[PDB]
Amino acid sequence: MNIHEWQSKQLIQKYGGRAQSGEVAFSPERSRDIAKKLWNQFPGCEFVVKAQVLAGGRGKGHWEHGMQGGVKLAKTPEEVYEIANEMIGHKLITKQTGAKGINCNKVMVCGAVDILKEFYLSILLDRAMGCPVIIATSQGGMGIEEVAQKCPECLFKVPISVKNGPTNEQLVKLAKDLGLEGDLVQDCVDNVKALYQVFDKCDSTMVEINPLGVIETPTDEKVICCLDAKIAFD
């Protein structure tokens, strides 16, 4: 059982992680109102509209009536309305849904940010090692099976002492192994600790962040941020 992206992100934020949870909208008009209000705060910003569906391959999918993408860029609140109008109440077809598609009745409206780096990061129980593991790659936005098959050099698998860890030294090395320098190293450490707390304290079978991003803030600071999130339960 998976929860939606915006709910996963809110849970991450609850445990001190940085995530772009945006605001959920149950109508196209509400989607526009969210965008309009955000222009009170960051005037002239752009928007991303993300269909909230329980299925994978959302961003790459296409709608039954022809629109391309479950994640779309919008320049104005009216463009946000137009996009949400083709998502809410309609069927999204992804690789994982097959031709049957999946109904969408809500979207997330987000501010558009400069994304500098995309990582993959997941926490799950590893059968072989008999403990939780952190799996991460510097090649976010890809099938994790493809990375292991075609690019095993950028994949990292970190065993975690179930409630005797993860240790700070493991997280610093992972962050540095992902190519992070400067303040982003500690930022990454802090965010991965929060993700583990979500995994542990919420009895999740998998916390998957694809992508875990390095983004720029509106005043150009570089920060770690969950840009998609999938949390699974039993």
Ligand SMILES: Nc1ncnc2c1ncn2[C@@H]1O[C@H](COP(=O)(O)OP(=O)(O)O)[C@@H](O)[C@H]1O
Second form
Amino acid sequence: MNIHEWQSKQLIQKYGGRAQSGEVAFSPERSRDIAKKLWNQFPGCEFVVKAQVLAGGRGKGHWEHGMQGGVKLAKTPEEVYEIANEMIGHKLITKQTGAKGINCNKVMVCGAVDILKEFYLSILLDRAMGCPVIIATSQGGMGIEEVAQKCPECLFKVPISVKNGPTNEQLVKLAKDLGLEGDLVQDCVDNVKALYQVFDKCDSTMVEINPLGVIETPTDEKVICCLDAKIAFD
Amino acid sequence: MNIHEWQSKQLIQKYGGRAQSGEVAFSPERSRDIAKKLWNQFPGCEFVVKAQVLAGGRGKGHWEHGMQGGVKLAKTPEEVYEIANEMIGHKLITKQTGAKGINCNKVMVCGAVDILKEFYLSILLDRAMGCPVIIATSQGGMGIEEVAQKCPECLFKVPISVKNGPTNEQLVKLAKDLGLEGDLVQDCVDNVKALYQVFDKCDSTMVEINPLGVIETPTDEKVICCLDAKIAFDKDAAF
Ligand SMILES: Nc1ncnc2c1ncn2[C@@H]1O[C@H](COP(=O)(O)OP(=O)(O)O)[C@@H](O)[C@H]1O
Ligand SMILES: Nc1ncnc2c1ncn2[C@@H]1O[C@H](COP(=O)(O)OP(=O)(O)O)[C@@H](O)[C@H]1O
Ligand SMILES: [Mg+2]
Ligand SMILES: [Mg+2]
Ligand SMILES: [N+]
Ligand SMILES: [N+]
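One more: the block was the form deposited without this ligand; return the form deposited with this ligand bound.
Every chain and every other molecule in the complex is listed next, the one we just looked at coming first.
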């Protein structure tokens, strides 16, 4: 059992992680209202509409009626209406779904942000090791399968003490191994700490953040932020 | 009679202008909640808390009990609570108010944005000329009075046909006179068109935008945006 993106992100926020939960809408009219209200706070901003379905590969998927993409850029609230209207009540087809696609009943409306770096981060129980493991790569753009066979220096695997959880030294090293400097190191530490707490305290089978991003705020500060989230349970 | 910033900005938006209306809160608890919810959309953004009072010079004002500023930057939702708690139910003292200040009953919570340029733009009925006039300077940071005597080249005054309203050629020239190029020229034209419609169709005696800004969106697009707004009306006007 997997939970939806927005639910996973809200759970991450509850444990102190930074994640763009946006706001969910169950109608295209409501989606447009969310975007219009957000223009009162950041005039001229763009939007991203994210189909909330239990499946990956949304961005490169397609809809029966012709729309391309399950994660779509929109420049206006009316474009948010148009995009959400093709998602809600319709089926999205991705490589992780059969040709049957999967039904979508709601979308996430997000502000469009500048993404500087994309990381992959997952937390799971590694049966071989017999302990929790934090897996991460500094090349979140490309799949994790390929990364381990086209640039293994960028993939990192961190065994975790089950009883003591991650140590500060482990997380600091992981942040620097991913290429982070300055304030971003401790920012990353805090976020991975929160991601592990979600994993441990929620009895999760997997916490996968793809991508864990370095984004710019509207005033150009660099911060760590979960831009996607998949949390699984048995 | 002047109306509050929140109302002026929403009125400008109704007529197609770009203005940061933010969201109004009547308690510090609500102010915090607005900021926290906004972090779901632009994580890590900063905030600006703006006292809604009928007086200018808020940014440079002070509160009796020690806080400095009526327009204040806040880095977190809890700082928004702290700042708003010192505004709501308290009196702000500015250059335009008396010594005792003026009561503040609500604040605007706004997202912090990068401001590239600040312009002054006003639309009013010039009695001497006997027609509406659009006044603007490319130096909105300094007072319009300072501009007229230390850089008059930056102040522009455009008489408007009362019957036909501003022409596209006047507005294009004004945008270029203010130093704009590229997409910002037409962006400025559209926004000033909207401001004049507010002035004309709402029977206003003054629409003052100080500053009319060039701001960056979160994805670094440059757009025109009203960052302050003062609209006046005359209850005892000539019929
Ligand atoms: N708010 C956003 N602004 C800009 N780009 C975004 C935003 N959120 C996500 N993206 C981009 O969209 C891509 C697809 O989104 P994602 O949530 O990962 O869905 P999926 O992995 O199912 O395709 C991300 O890899 C990221 O590059
Ligand atoms: N959202 C914002 N982000 C950053 N700075 C802002 C924002 N809105 C306004 N400002 C700045 O705050 C200053 C003071 O606010 P303003 O609305 O002009 O009030 P007042 O003129 O009464 O001081 C503005 O001139 C502008 O420089
Ligand atoms: Mg993803
Ligand atoms: Mg002002
Ligand atoms: N940015
Ligand atoms: N910016």
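Numbering follows the first chain given and starts at 1. Definition used throughout: the rigid core is the maximal C-alpha set that superposes within 1.5 Å between two forms.
Superpose the two forms on the rigid core and tell me the Cα shift of residue 163 between the two forms in angstrom.
Displacement of the C-alpha, rigid core superposed: 2.9 Å.
Relative to the superposed core, what is the Cα shift for residue 145 between the two forms, in Å?
Residue 145 C-alpha displacement between the two forms, core-aligned: 1.3 Å.
Superpose the two forms on the rigid core and tell me the Cα shift of residue 91 between the two forms in angstrom.
Core-aligned C-alpha shift comes out at 0.7 Å.
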